[PDB]
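Undergrad: With chain Y fixed as given, assemble chain U onto it according to the hints.
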Amino acid sequence: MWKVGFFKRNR
Amino acid sequence: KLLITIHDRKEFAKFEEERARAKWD
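Chains as they are written, first to last, in full-length UniProt numbering: chain Y, 1018 to 1028; chain U, 742 to 766.
Please keep in mind that the hints were generated in silico from the structure rather than gathered at the bench.
Careful: at least some of the hints might be erroneous.
No farther apart than 20 Å at their CA atoms in a straight line, the calculated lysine to any residue pairs in the SDA-like style are these [stated by the list, open to error]: (1) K742/U with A754/U; (2) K751/U with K764/U; (3) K1025/Y with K764/U; (4) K764/U with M1018/Y; (5) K1020/Y with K764/U.
Which residues of chain U face chain Y? A few of them, derived with a C-beta cut under 10 Å, are [to be verified]: (6) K742; (7) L743; (8) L744; (9) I745; (10) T746; (11) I747; (12) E758; (13) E759; (14) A761.
We put the CB at the ideal spot given by N, CA and C, even for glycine.
If we strip away everything but chain Y, and leave its shape as in the complex, we get:
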């Protein structure tokens, strides 16, 4: 993916 890795949880 792109950012979800930590975005789905962070952002």
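TA: Relative to the frame of chain Y, chain U by itself:
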């Protein structure tokens, strides 16, 4: 993920990292 990951900056992520999040908390 297109609901929280990215979709968040779409809704009200402005404070969804400060207050608008604890709403869910």
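Undergrad: Are any of the numbered hints broken by this structure? If so, which, sorted upward?
TA: Per hint list: 4, 5, 13 and 14 violated.
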